[PDB]
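Only one chain comes next, encoded as structure tokens, the form solved without the ligand.
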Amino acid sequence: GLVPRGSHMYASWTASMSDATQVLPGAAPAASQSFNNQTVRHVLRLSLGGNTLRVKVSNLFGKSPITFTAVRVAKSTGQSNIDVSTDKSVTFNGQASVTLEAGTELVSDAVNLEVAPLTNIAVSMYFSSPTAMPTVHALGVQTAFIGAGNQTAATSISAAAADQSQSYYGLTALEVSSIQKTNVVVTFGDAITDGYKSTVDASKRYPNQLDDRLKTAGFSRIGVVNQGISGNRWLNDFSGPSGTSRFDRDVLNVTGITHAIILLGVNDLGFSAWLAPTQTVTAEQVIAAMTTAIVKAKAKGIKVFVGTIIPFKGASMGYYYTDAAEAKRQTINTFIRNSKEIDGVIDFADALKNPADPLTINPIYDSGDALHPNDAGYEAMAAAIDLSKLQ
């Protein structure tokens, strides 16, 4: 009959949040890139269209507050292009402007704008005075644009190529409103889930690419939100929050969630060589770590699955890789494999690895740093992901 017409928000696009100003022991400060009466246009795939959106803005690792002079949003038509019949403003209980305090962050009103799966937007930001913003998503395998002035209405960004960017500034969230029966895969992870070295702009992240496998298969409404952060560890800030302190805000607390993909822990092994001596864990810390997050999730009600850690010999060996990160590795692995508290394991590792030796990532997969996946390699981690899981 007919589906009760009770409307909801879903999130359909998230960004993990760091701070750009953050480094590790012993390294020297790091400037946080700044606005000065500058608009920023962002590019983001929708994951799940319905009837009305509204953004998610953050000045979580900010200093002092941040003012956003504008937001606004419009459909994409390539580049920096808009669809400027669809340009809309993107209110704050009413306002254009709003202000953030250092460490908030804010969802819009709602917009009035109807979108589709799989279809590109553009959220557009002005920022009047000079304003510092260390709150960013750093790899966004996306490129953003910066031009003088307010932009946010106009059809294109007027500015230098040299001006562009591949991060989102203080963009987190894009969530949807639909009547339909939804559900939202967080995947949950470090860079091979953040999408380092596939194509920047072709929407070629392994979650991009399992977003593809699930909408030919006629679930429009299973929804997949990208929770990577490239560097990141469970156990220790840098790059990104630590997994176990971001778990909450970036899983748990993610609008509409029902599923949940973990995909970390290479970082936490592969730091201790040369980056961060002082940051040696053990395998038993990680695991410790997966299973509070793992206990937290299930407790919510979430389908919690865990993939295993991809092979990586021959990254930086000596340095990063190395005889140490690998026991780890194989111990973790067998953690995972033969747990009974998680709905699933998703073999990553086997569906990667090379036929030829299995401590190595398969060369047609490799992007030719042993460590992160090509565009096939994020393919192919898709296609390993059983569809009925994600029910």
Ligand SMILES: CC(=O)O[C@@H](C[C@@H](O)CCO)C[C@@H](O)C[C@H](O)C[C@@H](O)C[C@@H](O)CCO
The other form holds:
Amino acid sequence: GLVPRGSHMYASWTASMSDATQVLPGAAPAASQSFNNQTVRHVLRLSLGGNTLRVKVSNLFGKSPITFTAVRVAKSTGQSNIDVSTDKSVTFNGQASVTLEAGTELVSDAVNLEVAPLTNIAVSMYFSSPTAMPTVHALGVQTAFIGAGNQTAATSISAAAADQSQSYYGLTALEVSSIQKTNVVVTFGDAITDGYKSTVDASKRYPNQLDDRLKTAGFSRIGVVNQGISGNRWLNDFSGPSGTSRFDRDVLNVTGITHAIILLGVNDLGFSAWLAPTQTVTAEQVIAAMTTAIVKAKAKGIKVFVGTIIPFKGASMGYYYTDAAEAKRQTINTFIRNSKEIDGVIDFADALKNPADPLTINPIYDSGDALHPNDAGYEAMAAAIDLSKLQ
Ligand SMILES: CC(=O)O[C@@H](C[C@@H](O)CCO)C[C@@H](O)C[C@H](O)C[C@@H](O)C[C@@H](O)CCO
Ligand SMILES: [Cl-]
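Next, give the form deposited with the ligand bound, keeping in mind that what was shown is the form solved without the ligand.
Now the complete complex, all chains and molecules, led by this one.
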């Protein structure tokens, strides 16, 4: 009969935040991006449609407050162009401008704009004052557009092609309302989740390809949101906050989460040979971190799936891949494959391994650095997922 008309918000797009100024031990300080009387227009693909939306902004890693002078949303028509008749002001407790203290995030008021799944919207932010923005999603695999003055409502962003970025600045979630029964699948992980080496602006990240499979099968109310961070590790900060410390924010607290796909750990193994020799971790320490995350998510009623760590022999031999890294990988994957605690294994390693040599990525799926898949590899990852377990 009639679907009960109680409406709810659902995460329809996400990006995990990193501190752009955070660096490895012994590394030189890194500068954050700044804006000064400038507009940045982000573009993002919605997983879930619905009748109204909310924008979550972030100063999580600011060292002092920032002020969003104006925030607007519109349907994107490609590049920096918007459908101007859909342009809406984003307000926060009724205000067009909002100040976020250092370390805080904020969900906007509801915006009355009906949106459809697998379509792109533009979220434009104007910063009138000098604004340090260390809170970013570094690897957007998506062009952002920066221009002078308040261009938040402009049809297109007027500036130089050098005034482009591929990051998201203080923009961490897009939530969309619906009365329909809805699943939200959070993909949690490192660059292989984030989509490094997938084609920029082409929505070829494996979660995008998974989303495509769901909608093709008719499941327009099963959403997939991306909580990958390129370079991320379970047990140590950089790149991005440690998987253990960000798991509550980036998985448990995602609006409407029902399912999680966890693929994380290869950087815990790879970083210790050279990038961070003081941060060696055992397979046991990685398994303990995974266990605690799994327990926390199951206690919330989330279905938890864990991916096996994909082969990476050939990845900067002796400086990322090592025999020690491989032994830890095998121990972790044996633990995953035999775990009775998780709701299911997604054997990404089996889907992507070289049939000629199981310790390497299949050459047809190799972006060329022996570690990150290409578009075909990310599509193959999505094809390896049983859609019935996301119900
Ligand atoms: C495969 C791959 O991606 O490896 C990446 C991973 C990072 O990008 C993090 C990704 O999350 C690190 C790798 O590039 C580091 C280099 O191997 C270091 C050597 O070049 C040092 C020697 O040259 C020194 C000679 O004295
Ligand atoms: Cl599988």
